[PDB]
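Chemist: Listed below, chain by chain, are the residues.
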Amino acid sequence: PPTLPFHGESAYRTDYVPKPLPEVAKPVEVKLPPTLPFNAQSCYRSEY
Amino acid sequence: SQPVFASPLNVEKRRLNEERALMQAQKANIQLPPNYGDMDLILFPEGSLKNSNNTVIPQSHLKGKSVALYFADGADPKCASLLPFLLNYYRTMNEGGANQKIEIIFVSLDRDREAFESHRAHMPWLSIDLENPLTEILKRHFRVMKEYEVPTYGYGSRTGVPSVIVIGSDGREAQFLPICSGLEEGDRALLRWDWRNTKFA
Numbered sequence: 204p205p206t207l208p209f210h211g212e213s214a215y216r217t218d219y220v221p222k223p224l225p226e227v228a229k230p231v232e233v234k235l236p237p238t239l240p241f242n243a244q245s246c247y248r249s250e251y
Numbered sequence: 002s003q004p005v006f007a008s009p010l011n012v013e014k015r016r017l018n019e020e021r022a023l024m025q026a027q028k029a035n036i037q038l039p040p041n042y043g044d045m046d047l048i049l050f051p052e053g054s055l056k057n058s059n060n061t062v063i064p065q066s067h068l069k070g071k072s073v074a075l076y077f078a079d080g081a082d083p084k085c086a087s088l089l090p091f092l093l094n095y096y097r098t099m100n101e102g103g104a105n106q107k108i109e110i111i112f113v114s115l116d117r118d119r120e121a122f123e124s125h126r127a128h129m130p131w132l133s134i135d136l137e138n139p140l141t142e143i144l145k146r147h148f149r150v151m152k153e154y155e156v157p158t159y160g161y162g163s164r165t166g167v168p169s170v171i172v173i174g175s176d177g178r179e180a181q182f183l184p185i186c187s188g189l190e191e192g193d194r195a196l197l198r199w200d201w202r203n204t205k206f207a
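The listed protein sequences correspond, in order, to chains F and v. Per PDB author numbering, residue 204 is the first one in the first sequence, and the count goes up by one each step. All letters in the second sequence, in the order written, are residues 2 to 29, 35 to 207 by PDB author numbering.
Only chain F is shown next, with the shape it has when bound in the complex:
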């Protein structure tokens, strides 16, 4: 009599295949608002 072949693969080795890594290199760039000039002056030095 012939010998039947052995097909079979457990659930772990069917769907817990090593998966591709998620692509990540995403820093968050922040822009510093430029400082305003100090246009303010005192009373004594303004009038006297």
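Just so you know, nobody snuck in bad clues.
25 Å max Cα-Cα, derived DSS-like pairs, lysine-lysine: (1) v:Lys107 / v:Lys205; (2) v:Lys69 / v:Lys205; (3) v:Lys107 / v:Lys56; (4) v:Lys107 / v:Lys69; (5) v:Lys56 / v:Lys69; (6) v:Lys205 / F:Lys222; (7) v:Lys107 / v:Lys71; (8) v:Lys71 / F:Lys222; (9) v:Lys205 / v:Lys71; (10) v:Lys56 / v:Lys71; (11) v:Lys69 / F:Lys222; (12) F:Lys229 / v:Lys205.
No lab work stands behind these hints: they were computed from the structure.
Once you have looked at the hints, place chain v on chain F.
Modeler: Same frame as chain F, now just chain v:
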């Protein structure tokens, strides 16, 4: 080495990429053997794909599309049941849009050229002929067997024909559509095919 290592296609990948790394090292602190992400191949050579009425179409025309390999037989009753549904999915998804998004590439389990052509006349998407070894090394790559007749390297049957495998650029299986698989839900697995993430870069 995705989804498997011991494929003829991945053997060819490793040999070509790593001998390129070797000649680069001889020409020049480079890694031996090279990393799998750094391995790059050409999945389809210039004479592989052919659209309807037999004009050559190259790989680089598949850019920006979700491409799925249709592994199919002609006399199989699942295949006969599944072919019109993948036709309507193809037609409606490529009509509902200003850009073509899905592509299908057939490789065959027909016995001979007459069965290949009789099946091929009913499929408008891209196809790969039966004589070139690509239509065999793709099945050895993606674990699809008719029966246990290939020399198998401790594989299991990932699927029986029919199958559709959404593929990537480097041969990595992007996703499986489970017609005859662990979910066994046939002729409705086409709805699980997404086209946002699985692009052919």
